[PDB]
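Read the single chain below, which is given as structure tokens and is the form deposited without the named molecule.
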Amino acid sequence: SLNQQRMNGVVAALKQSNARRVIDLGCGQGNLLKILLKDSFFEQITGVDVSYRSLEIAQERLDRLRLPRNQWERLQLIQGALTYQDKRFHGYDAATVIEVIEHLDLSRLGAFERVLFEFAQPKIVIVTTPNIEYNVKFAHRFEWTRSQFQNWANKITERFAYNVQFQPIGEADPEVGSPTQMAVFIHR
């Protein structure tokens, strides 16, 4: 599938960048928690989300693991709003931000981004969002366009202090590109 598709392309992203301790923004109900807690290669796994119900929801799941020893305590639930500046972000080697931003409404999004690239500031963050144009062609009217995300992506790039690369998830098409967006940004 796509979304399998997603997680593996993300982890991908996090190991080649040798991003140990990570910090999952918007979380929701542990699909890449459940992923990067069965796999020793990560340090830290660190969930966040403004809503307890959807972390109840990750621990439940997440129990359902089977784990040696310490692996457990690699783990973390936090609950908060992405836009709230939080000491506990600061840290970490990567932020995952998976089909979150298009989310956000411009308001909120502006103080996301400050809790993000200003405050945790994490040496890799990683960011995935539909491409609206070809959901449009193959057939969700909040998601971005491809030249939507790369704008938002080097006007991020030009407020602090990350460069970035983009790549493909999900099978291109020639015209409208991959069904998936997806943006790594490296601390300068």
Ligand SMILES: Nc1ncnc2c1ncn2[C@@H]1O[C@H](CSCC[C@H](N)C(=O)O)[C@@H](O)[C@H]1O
Given for the second form:
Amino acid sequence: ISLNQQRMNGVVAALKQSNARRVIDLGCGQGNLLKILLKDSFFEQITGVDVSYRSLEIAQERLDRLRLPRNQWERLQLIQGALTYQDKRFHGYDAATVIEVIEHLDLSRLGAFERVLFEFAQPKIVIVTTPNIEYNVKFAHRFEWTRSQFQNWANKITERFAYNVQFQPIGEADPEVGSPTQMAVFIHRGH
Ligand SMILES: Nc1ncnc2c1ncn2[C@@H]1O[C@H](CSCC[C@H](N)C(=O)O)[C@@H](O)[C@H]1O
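Complement to the form deposited without the named molecule: the form solved in complex with the named molecule:
And the full complex, kicking off with our chain again.
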């Protein structure tokens, strides 16, 4: 029950409760979450997106360490691309996951990513997790966000975009500085 494993379980759990079968992982990195989704037949489509070629090659590498039925491999798709660009391949998914990605975006990229995600793609579900820098300080990697910053960011999202947000920490209550990992589950409003 490591921290990362806690994050993944938390994300998979949120996807399932929303019955999000078709998922796109933005900033997929080495494919940690992609490996878990591909192995799980609950998911009907797994797509991972990253701007790094090195990371995508590695993702494909470990994803290949899996043994799966033939029809199961056709669910996977790897795409190189920046998250700040409106890619038509980002449409039609039940959910988009942005895991430990926001902290590594500067101002001239965060705003663009927000539109790409909450306006352009506009999936029904969006799961975002980021490190709680208030936990990393009390229990020692410092450009992370505070619980306040993260929650204001997310609330500001529901003010500009057609979404409502629910917070669900995945780590373990301090219970003074909250859990080590903050998660936000955005659900699109009905029309
Ligand atoms: N503008 C951008 N467009 C696409 N990917 C980006 C990006 N900026 C950063 N990334 C990617 O976002 C990832 C941040 S670390 C990702 C870890 C991964 N989510 C996990 O399974 O833990 C890296 O792969 C980085 O290359």
